[PDB]
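If you want the building blocks of each chain, they are given just below.
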Amino acid sequence: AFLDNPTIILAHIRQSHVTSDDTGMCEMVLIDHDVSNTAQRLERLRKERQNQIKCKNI
Amino acid sequence: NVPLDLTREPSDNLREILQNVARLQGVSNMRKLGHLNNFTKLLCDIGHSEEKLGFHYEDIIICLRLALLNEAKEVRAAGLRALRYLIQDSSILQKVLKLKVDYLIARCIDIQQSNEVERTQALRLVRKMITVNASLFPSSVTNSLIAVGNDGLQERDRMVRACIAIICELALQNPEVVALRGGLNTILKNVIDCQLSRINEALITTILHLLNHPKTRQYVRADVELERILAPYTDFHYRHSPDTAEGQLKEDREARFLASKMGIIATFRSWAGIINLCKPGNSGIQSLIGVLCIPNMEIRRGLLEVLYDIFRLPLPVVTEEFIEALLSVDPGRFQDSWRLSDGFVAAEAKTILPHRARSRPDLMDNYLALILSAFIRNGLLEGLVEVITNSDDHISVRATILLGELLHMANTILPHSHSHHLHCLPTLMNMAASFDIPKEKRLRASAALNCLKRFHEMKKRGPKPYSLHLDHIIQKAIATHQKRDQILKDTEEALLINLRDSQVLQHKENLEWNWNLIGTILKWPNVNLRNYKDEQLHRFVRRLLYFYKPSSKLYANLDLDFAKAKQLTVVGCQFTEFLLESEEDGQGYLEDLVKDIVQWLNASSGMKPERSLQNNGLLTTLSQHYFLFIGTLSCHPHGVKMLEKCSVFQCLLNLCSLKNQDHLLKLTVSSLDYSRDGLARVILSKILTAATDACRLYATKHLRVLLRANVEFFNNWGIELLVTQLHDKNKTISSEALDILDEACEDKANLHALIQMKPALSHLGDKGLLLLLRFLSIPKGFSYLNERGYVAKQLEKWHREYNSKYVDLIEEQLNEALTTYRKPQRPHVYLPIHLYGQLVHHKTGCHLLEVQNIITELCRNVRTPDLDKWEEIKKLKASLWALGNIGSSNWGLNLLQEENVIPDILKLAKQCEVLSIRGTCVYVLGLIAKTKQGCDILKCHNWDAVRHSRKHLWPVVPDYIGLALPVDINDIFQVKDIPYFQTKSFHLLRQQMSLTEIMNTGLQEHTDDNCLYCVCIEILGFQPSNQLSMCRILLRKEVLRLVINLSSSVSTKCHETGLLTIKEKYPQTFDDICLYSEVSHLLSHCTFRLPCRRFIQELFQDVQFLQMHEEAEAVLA
Amino acid sequence: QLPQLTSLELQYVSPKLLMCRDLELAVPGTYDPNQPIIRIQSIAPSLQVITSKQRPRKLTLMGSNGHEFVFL
Ligand SMILES: Nc1ncnc2c1ncn2[C@@H]1O[C@H](COP(=O)(O)OP(=O)(O)OP(O)(O)=S)[C@@H](O)[C@H]1O
Ligand SMILES: [Zn+2]
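Chains as they are written, first to last, in the authors' numbering: chain H, 2 to 36, 84 to 106; chain F, 25 to 510, 520 to 857, 872 to 1005, 1423 to 1448, 1479 to 1494, 1510 to 1538, 1607 to 1694; chain B, 2114 to 2185.
Keep in mind that a hint or two might mislead.
Unchecked claim - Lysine to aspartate or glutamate pairs mimicking EDC-like chemistry, simulated, CA-CA at most 20 Å apart:
| no. | chain 1 | residue 1 | chain 2 | residue 2 |
| --- | --- | --- | --- | --- |
| 1 | F | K374 | F | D113 |
| 2 | F | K856 | H | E96 |
| 3 | F | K556 | F | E616 |
| 4 | H | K95 | F | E616 |
| 5 | F | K1642 | H | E91 |
Claimed, not checked - What the simulated footprint calls covered on chain F by chain B, stretch by stretch (three residues with Cβ under 8 Å from a Cβ of chain B suffice, anywhere in the stretch; the number is not a length):
| no. | segment |
| --- | --- |
| 6 | 485-494 |
| 7 | 920-931 |
Keep in mind the hints are simulated off the structure, nothing from the lab. Where is the CB? At the ideal position from N, CA and C, for every residue including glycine.
Chain H on its own, in the form it takes in the complex:
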């Protein structure tokens, strides 16, 4: 086969990604016009730390 020039390669990439992507995104992203877990961890550590420090270690 002859897929060597960047134009045919670009067209192939765009069409193959657009048509054969089950999930929505590809057609939305490849429009040809232009051609929290840390908060949960912080909450857990905050609540734990208040209970945690109640004693003195020598």
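Following the hints, put chains F and B with the ligands in place on chain H, whose structure we already have.
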């Protein structure tokens, strides 16, 4: 919100960006996004220019980059969208990159904070950035995209493919920034977990494109990057992902096998992959053959599927006996397309009957011969023999069939020197003849040889007509060809004995008769009811007649797929022909039978008011074979007279008009005989001119069945029918007729018949012009087109425009053939018609071509190639194809050897840097070898060619098919090596000193440039940074060393907990933007995993950055 | 992929050990100057790896006198 669109643009946009900056107080997000939409509309309707806008670009950028820090996803998406509409030149992008806004975009990409609309605008913006200027792409967004595509499948991210597509689009215009941050590795490791064929091939094509040109070939390692795709096969215990679910371990293995197969059979379709996998060193093709010779019944059974679909061969069924898998690869096996509803006879004739072209190049054969030679050079036959002997039966049968197919392909597409010592099979014959080895190996080798001979017999048998209409068609054609150019008596005794043992007269119970004896009593030479006047014979005939009549409802009711259904139809055909054999005594029966058939046909067609719909019985019972009886009755001259005595032809003429039943037209168009002129051609012409569009299409497609079957006098009426079909209102019918004409024009007797009736082939597409160009190939027609000023009008047209469009045409054909591109089993890639090839044929247009001085410029272009841009490579390809079409005959080698250009092409086919033209040169050198003088010229330069044509299957070793191959296939696989482009204090104090005890600037790589805020102080007159509340210089370098240690991914939990405790204890250390700038510059230059990167970016989320917003609002007004 | 290693083929791991078929070396560990030496004739083409922390292979040669010498 509140748009006016009628005011001073400066004051309006100033109010807009002031409300945008919002001073971080008293402004809601909804009104801010409304103002952002207003600014987008203002930028749309009013052109962007620093004069008509009233403000410089820097102010717009500094007021727009603050919407990316907004907490609302809608405002962030609106800011990204409004920033995309601003980037329209290289200067705007350069200024957007001077301020470190790429940090904010890379941040907006990798949050996955329940926002699949805000992350789409970011990718659209980076695509616009790549489009505007790809030589300035920042490394931050590059690293972000690489991290998303590298570890996005495990985190269930839904933007994986959308990021890999952008990475591949970026690697075409800026490969250094993608190879530096390790993007090519992401691409290559993303093809082994991609089951989708089109995406897998679009991913492998960019890697195979970087290896094509040298300037990009410097960005790929030697034997470790491309050869990764065949690691699942070469590595018996292959682990792709380091951390995967232990529940799925076999499904993962099958997915890896499927993806690796789809990538391996996709690198062998490109020249940059063929050359790079078959290099003369320790290549990746020898590692694929070597692991085939290891008794591992899991890898060995999976490599055979790749070998089968590499050579485009059909797979046999999974069995243990050779005689059952040999039957499944029969070229004539039934297919679903051959059913009456789908493709009744026209699709069946295409498969079994051969093409009319016996000298066309058929580039597919060239490609397959090159691949087969490259595989034989590295020892594939020895590996196949070792698989045949020392393996299981399930794999032995499949390897024996593959070896048989390869051995048959060898003596068909390979030059004699390449295939005159392959049929010896020394390693198998020495094993089958050695009585020292164990007897099991000897016996299985002998069995393999026997199976190979059986396969060869099957191959030299040929495909046979599966159906009963095509069988009669071919038999009638053969009989006509035989009779155009030039047994026992059984008087009274044996006849009566055979009539007695048949059991027809003993009892009238059907399905219990001896049908073999009936067939032989009907087919015996001199038994014709005209010389043997016996009452028992008349009883026999009357009983068979009453059985075969449809009104009796005896034969017309048996369903298809019956135990003995073909035999009953054959016996009926020879019976209605035996009745015709008695022209004076067989009227009372034949007339009755045909009249009953006409009654049934008029009742089932809809010529009655009872039901007018009987398709439920014709389609599922043997009553549809009553068209075969009329078919075998219309061949004989005395048959058509009897057929016209009854209203048969009028019945078909009336049936041609209806619109509800399309199967009846298929049945009547594939049953009648059109050998002689009469009422049989009128029905065909009526169906071809005035009928249903689908029926008309099938009728015009049923002309290959009359062409490939070599029906006599086809050039008289078939050519005229195709010419009148070219004027059809429907477009698909016209294109099909054009294709049939292009195939029929391969015979000179047919091209002379087409020229004698000058058609109008100019008002059609490119196919019509390519068909009309064939007229020049012969003087009678070339001299005709030359008078009306058509050759000189086409010469300059092909010189300026269509020489570079022919290469696009042939590349499109090759791609549609074997790359699964589909521009908006093995096919036949026949070479398109080239004007230069037609002008050289008759020595009169040859001089007309030589006086134009066209060979000199083409020779000069081939001798002085640019090989730097992609337009000059296109021009070199066009020149090579033109020179190869010129040297397709003996009058072209004369004016082609005066310049001595063939050595230049032969040297370009083995020393060029670009590999696509190195394959184009192979195709052109093959095309050169269509004549004896061409092969003689090529032999002096050590290039063999096939000296036989496509006329005979087994030609005796002493116009041709164009195929040329080097004597040593490793000559064109030499690539010049290009070196890789890479070869061209507190951290120790923290080890022994803790944090609480040390409590009783810190930015290493921080300058005025590369800081989000500090860049503005000189350009936009920002007020200098305030002094923070040595108590804070320590925590700064502490969080810096923590985020540095978080990069090794060795112990991420400890550093994450440390960062969390630092955020909990001092929530103000994550407020200085001069630290966020540093950590973002660190993210833009290191390899962080996706979860760690998301955590780091989320640490700085609930921050205010009040001073920058205040200074932006101050410098604004 | 270390727990999956439970057998080794000589065609895959070391293609030079299974193509000896004769040697002048004596079988390791068995040589005394007062006895006829036993030469290494062949090597079995398959090794079994013992599932442990160090994974010791189970080599088995074939001496010139027709007796199998199993090693570790
Ligand atoms: N299934 C059948 N197949 C052939 N004939 C049948 C069948 N069923 C009934 N028949 C009758 O058999 C007739 C043909 O027999 P003839 O040629 O007249 O020989 P035949 O022996 O004189 O018949 P008959 O009944 O003795 S007068 C048919 O036309 C029907 O009358
Ligand atoms: Zn700074």
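Hint check, failures only: 1, 2, 4, 6 and 7
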